[PDB]
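Q: Please put together the full structure from these sequences, using the hints given.
Listed here are the chains, written in short residue letters.
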Amino acid sequence: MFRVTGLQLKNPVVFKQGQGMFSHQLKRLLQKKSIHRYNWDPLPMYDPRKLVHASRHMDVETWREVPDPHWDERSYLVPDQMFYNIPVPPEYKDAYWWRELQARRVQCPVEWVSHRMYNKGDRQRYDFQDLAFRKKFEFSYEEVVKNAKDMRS
Amino acid sequence: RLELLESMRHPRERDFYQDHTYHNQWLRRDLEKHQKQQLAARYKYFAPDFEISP
Amino acid sequence: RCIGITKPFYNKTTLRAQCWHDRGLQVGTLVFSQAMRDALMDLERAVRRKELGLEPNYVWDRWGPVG
Amino acid sequence: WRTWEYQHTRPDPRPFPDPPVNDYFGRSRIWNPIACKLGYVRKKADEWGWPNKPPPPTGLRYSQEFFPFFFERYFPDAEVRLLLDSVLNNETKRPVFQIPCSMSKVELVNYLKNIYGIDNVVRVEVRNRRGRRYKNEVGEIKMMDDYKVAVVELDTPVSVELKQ
Amino acid sequence: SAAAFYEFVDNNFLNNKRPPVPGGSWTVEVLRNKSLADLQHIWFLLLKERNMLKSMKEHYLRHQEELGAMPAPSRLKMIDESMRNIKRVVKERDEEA
Amino acid sequence: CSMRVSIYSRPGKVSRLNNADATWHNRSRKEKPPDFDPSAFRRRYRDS
Amino acid sequence: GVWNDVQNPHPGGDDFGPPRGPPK
Amino acid sequence: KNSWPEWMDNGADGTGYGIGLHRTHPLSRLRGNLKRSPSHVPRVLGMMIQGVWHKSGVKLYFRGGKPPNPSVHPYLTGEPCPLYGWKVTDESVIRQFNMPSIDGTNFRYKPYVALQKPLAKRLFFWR
RNA sequence: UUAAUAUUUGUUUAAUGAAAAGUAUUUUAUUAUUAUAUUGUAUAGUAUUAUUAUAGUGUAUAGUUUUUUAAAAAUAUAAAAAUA
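Protein chains in written order, with the numbering used here: chain A, 1 to 153; chain P, 1 to 54; chain U, 1 to 67; chain G, 1 to 164; chain S, 1 to 97; chain B, 1 to 48; chain V, 1 to 24; chain Z, 1 to 127.
Bear in mind the hints are in silico, worked out from the structure with no lab data behind them.
Some hints could be false.
Part of the chain P face toward chain G, derived, beta carbon under 10 angstroms [stated by the list, open to error]:
#1 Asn24
#2 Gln25
#3 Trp26
#4 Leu27
#5 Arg28
#6 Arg29
#7 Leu31
#8 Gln35
#9 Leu39
With a straight-line cut-off of 30 angstroms between C-alpha atoms, the simulated DSBU-like cross-links for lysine-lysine are [claimed, not checked]:
#10 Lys135/A to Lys37/G
#11 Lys27/A to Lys10/A
#12 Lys32/B to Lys55/Z
#13 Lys44/G to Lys35/Z
#14 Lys12/U to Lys24/V
#15 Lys57/S to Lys121/Z
#16 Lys33/A to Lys50/A
Anything over 10 angstroms on all C-beta distances counts as not near chain G; from chain A, calculated [as the list claims (entries may be wrong)]:
#17 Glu91
#18 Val113
#19 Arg123
Ideal Cβ positions, reconstructed from N, Cα and C, are used throughout, including at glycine.
A: Shown next as structure tokens:
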């Protein structure tokens, strides 16, 4: 899709569609693939790093917030790339439910690792939770041999 | 024998690409089968792990 | 204005008239545009006319705010 | 349609597309703007030994002390080649040099002033030039690295005599 | 002045004499014992040597029919190896730092 | 490719790349006016 | 149209190089 | 709106001086119109294949014949001012080569290490 | 096989009822000069010019889209009439 889009764009922009070496080289250079990085959809309606100072009392003397250990403990952690983890009161964690799914999902198109679910071995050895294709635990051959030999069977 | 070969031909015969070629000759393209086989038969030590060990 | 400058400030920290260019053949010499050189042509012409004694016709003496 | 007759293998697309490797080595060779993942991987690996060593912090990465910039500043690498024909057995006032493309007139004049001591430099005439291309005996097209031609002008004509 | 161009060009080729191949190149064992300022000094020395060698190589490529292959070509390889060893030592020191 | 055919070096002839007797015919017969210099026009106008 | 129809002094943008007009 | 300066877009000078692709140093604060984005590749490829056509009637970038290489441009050093020919705003970009001081061992060293005549035209020299 | 064929036949010539350019390629070379970053170079060919970015103190020895020769027939030329 992206390759065809770039090809059409270059053909409309700078390709004369002649036998020139310019177009002859473009027809082969446009097949190259660009960088792919899963960009999580930003939330301008609700800034998660803004709610750090929310739901907190303040000392009237110094006019600054009170470091409540109960709030620090019960704080829910929302993930984001530039702001790795952010604490937020649990009352407002509902609006950030989609960021949770986008973070739990593997930051890669599903059809690139779809070769996992298409076989029984990987279907049994891998995890499929919120589209997170992370490999489960697997004992080594030495480990399973030692376990069986200790179990005497 | 190039001078002799050119002298034996008739002056009316003409060839139009003496100083320039039609297709660009700077695109890397493959050789012919017989000469590739000649290369593979002459240079065998280019293959990986050709040297005897030890 | 009578020299021929249009922008008073070349930079926000210095005037445009006090710009003398270094790193060149003429050091400390004030920079002049083609408009500045042509206005100086007009001034020198008027001065030479006045020295000759004929009517000094400074072309920019009849220049008002509306032109 | 009889879909049960086939097995589950994706057929090749028709017409098949060409590899993204540019095969033209002529005068109009184009630099591909598309960035590949392998390029970033190799850059990071040569920078800080990815993924064995931990990454340096952002401060050191973006600072002047980062290893590539530090090495480029304390051990500069610039290939300056003098043309023998331009100054050999002839009193010439415009000697020419070959430099990398990443240099400029000021870069070259500072180079000649600090390293070789050639301070009297009037003007440097810059002109890029595609690398030399040639074929070997088997017909493989091998192109030499690109080089920028510079024509430096001096106040006094210079010459290096060749004792015949 | 003129000595700069005389050192840009070769000397044995200038006197029409066969240039001899030097002994060896800088080893990492030696460059570890060498100091940082000493390392950059010998780096600039090798840079000037490589510039002269590349000028001679380009001259021979320009005249490959008038003059045969460049005499003593392993000098460029020795210089490149010395530069690579310098870079290796500097990279190790920077990694420790 | 006439330059590479004739002027270039070959196993039968020496390089004619820098040879006046072989390059002098490349110059035009009818002289032409010089091209406009934008850098010269800038250094001459000196916008204010 | 068959009839004939019968200009940017500072293309540097909004503010570039020399300041334009009085401030504020 | 774009990130690169509007003079880079359309040169502030009358003759379109300072237009085209200008690569910037990573540590430099100035930005350039050289971007490898999948959305910025069409214009940056047109700048190399066709070029920019000015109102005055002259083609500024890639006048013709040989296409430039935008990746090997020396890093940007400043911005064009109408008064002078060029205004330098970043001096750290311009590399300044410097020679080390001489020393008792420095003037005694040589390029090659010492390991423990008439020129004859030869077709091949091994070492 | 068609084929001892069909169509072609070109090295300054009978030089032309004529002559001021732009644009995109191919090919590149130590140009000079004004003498402050980068960037693309010159001639020579090739393809194109409606749909205004080519017209003036006055126009390149310009001849490849211009082509050889000691016959009749066929064919073309009615600008090949001194016919009808």
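Q: For which of the previously enumerated hints does the structure constitute a violation, in increasing order of number?
A: Violated hint: only 16; rest satisfied.
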